[PDB]
Amino acid sequence: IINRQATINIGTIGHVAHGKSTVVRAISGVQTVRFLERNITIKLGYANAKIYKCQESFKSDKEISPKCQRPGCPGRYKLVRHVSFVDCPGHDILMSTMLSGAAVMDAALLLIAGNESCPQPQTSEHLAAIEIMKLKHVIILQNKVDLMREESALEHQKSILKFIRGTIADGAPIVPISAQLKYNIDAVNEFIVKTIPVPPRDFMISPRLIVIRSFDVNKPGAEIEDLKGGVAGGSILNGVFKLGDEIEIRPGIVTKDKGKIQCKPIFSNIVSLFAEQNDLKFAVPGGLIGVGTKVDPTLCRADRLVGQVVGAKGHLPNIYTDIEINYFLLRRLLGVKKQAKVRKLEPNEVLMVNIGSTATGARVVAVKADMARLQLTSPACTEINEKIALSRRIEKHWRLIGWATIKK
Amino acid sequence: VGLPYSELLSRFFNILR
Numbered sequence: 001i002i003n004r005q006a007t008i009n010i011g012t013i014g015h016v017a018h019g020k021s022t023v024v025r026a027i028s029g030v031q032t033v034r035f036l037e038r039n040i041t042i043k044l045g046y047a048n049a050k051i052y053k054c055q056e057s058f059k060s061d062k063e064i065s066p067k068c069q070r071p072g073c074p075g076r077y078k079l080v081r082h083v084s085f086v087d088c089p090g091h092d093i094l095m096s097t098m099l100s101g102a103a104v105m106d107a108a109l110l111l112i113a114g115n116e117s118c119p120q121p122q123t124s125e126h127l128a129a130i131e132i133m134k135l136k137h138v139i140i141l142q143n144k145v146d147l148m149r150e151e152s153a154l155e156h157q158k159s160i161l162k163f164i165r166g167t168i169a170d171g172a173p174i175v176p177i178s179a180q181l182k183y184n185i186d187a188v189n190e191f192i193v194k195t196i197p198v199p200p201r202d203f204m205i206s207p208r209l210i211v212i213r214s215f216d217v218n219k220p221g222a223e224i225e226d227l228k229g230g231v232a233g234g235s236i237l238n239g240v241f242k243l244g245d246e247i248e249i250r251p252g253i254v255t256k257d258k259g260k261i262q263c264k265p266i267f268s269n270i271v272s273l274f275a276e277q278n279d280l281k282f283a284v285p286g287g288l289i290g291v292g293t294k295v296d297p298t299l300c301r302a303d304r305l306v307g308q309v310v311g312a313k314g315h316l317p318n319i320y321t322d323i324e325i326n327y328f329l330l331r332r333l334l335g336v337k338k339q340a341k342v343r344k345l346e347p348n349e350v351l352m353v354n355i356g357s358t359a360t361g362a363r364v365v366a367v368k369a370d371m372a373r374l375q376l377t378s379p380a381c382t383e384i385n386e387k388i389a390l391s392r393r394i395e396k397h398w399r400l401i402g403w404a405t406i407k408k
Numbered sequence: 409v410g411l412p413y414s415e416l417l418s419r420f421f422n423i424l425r
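Chains A and B, in that order, are what the protein sequence lines are. The first sequence begins at 1 in the numbering used here and counts up one residue at a time. The second sequence begins at 409 in the numbering used here and counts up one residue at a time.
Take the hints with a grain of salt, since some may be wrong.
Said to hold, decoys possible - Pairwise CB distance ranges, derived in the manner of DEER restraints:
1. A:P66 - B:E415: 24 to 32 Å
2. A:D202 - B:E415: 54 to 62 Å
3. B:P412 - A:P197: 46 to 54 Å
4. A:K407 - B:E415: 32 to 40 Å
5. B:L424 - A:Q55: 43 to 51 Å
6. A:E131 - B:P412: 21 to 29 Å
7. A:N385 - B:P412: 32 to 40 Å
8. A:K136 - B:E415: 20 to 28 Å
9. B:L424 - A:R343: 20 to 28 Å
10. A:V80 - B:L424: 38 to 46 Å
11. A:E131 - B:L424: 56 to 64 Å
12. A:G314 - B:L424: 55 to 63 Å
13. B:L424 - A:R304: 47 to 55 Å
Unchecked claim - Short, incomplete list of chain B residues facing chain A, as computed with Cβ under 7 Å:
14. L411
15. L416
16. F420
Just so you know, these hints were derived from the structure itself, not from any lab. The beta carbon of each residue, even a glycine, is placed where N, CA and C say it ideally should be.
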């Protein structure tokens, strides 16, 4: 069996205490990163699944084990795909991480529990976000079905169907699966192969990398004369990387505190690539790879590198402090428990603008009709156009309003 | 389209502890 890395990024959405990590575990086997130094940087974890098919019935086709002994046929499984999971939490406080996750995602998985109430605002918000950020491949999954009645589940399904009609997602498949009992995952696997294809990707496009997580490889007990370099957990959308290249983290860093800053973006040479489980020479875009570079282990510690752009040497993108946005607003607010009408944008107000993966606070200067000018506090970079989600404050915490695009 | 879901549901109902 060949040790091929991740091909396409699949993300999972839900709610707090509903069950997402458990579902992930059921799907794959290797436990999630979340659940001080290691793993702790963002809200998303790290998981990997296997797609191997046995074609020699009905729904039973794909499996989780490398060896086929369970269904009947003793023959070895055929290699189809290998996928990486991006598990994003569905909490009312933390959403920036989710947004960041969304930017890299190519496939989405919705989770709704049976026993709880049918209309949930957070789930709706998530769906809206998915719709916004160039995602159409959505599979609806029912979580807790075993604790529900014979007709109640059907009713719930009907309600769901009624709800999802006017949205961009038209032909979304619905699967009921148990997380604690471990059943019906084969159908899900089959669907993964059926409904979702891999988009065309080539070597010709300029390298662009997005870092979500940060890692320091330091072990207690062992002497200091045996050290390991700083690892940046970064996912790639476009551009193939190989071992032996120069990488730079774009936005900038503060090194001296009197004296104006002039220091260039953080340069680092690649030491070792961590994909799936074992090290590989080539990096195929469409997965999260722990890129171990010559960067400090102290820098890759905690909340320092959350959603930052990474480029290869011989390419020049632009850095902006003032940004030109083309926005579109929604009718009523999504996320609030009660629904409130969206007000027109007022000059000079603190609003959270999420350009791809960056979590930045911006203030409005001029409003016309569709075009808006924003002043940023923390530095941000622009490459092409980018997919932007906008968030405002009305009551206590952040609420989503609509979508935006950079006009440059 | 909501047609092969029913069969799956039935199967789930059948296979339980």
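Okay, the hints, checked on the actual structure:
no., hint, verdict
1, A:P66 - B:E415: 24 to 32 Å, "holds (29 Å)"
2, A:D202 - B:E415: 54 to 62 Å, "violated (40 Å)"
3, B:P412 - A:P197: 46 to 54 Å, "violated (20 Å)"
4, A:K407 - B:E415: 32 to 40 Å, "violated (50 Å)"
5, B:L424 - A:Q55: 43 to 51 Å, "violated (29 Å)"
6, A:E131 - B:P412: 21 to 29 Å, "holds (25 Å)"
7, A:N385 - B:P412: 32 to 40 Å, "holds (39 Å)"
8, A:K136 - B:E415: 20 to 28 Å, "holds (25 Å)"
9, B:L424 - A:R343: 20 to 28 Å, "violated (50 Å)"
10, A:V80 - B:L424: 38 to 46 Å, "violated (30 Å)"
11, A:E131 - B:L424: 56 to 64 Å, "violated (35 Å)"
12, A:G314 - B:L424: 55 to 63 Å, "holds (60 Å)"
13, B:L424 - A:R304: 47 to 55 Å, "holds (48 Å)"
14, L411, "violated (11 Å)"
15, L416, "holds (6 Å)"
16, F420, "holds (6 Å)"
Hints 2, 3, 4, 5, 9, 10, 11, 14, counting from the list given before, are not met by this structure.
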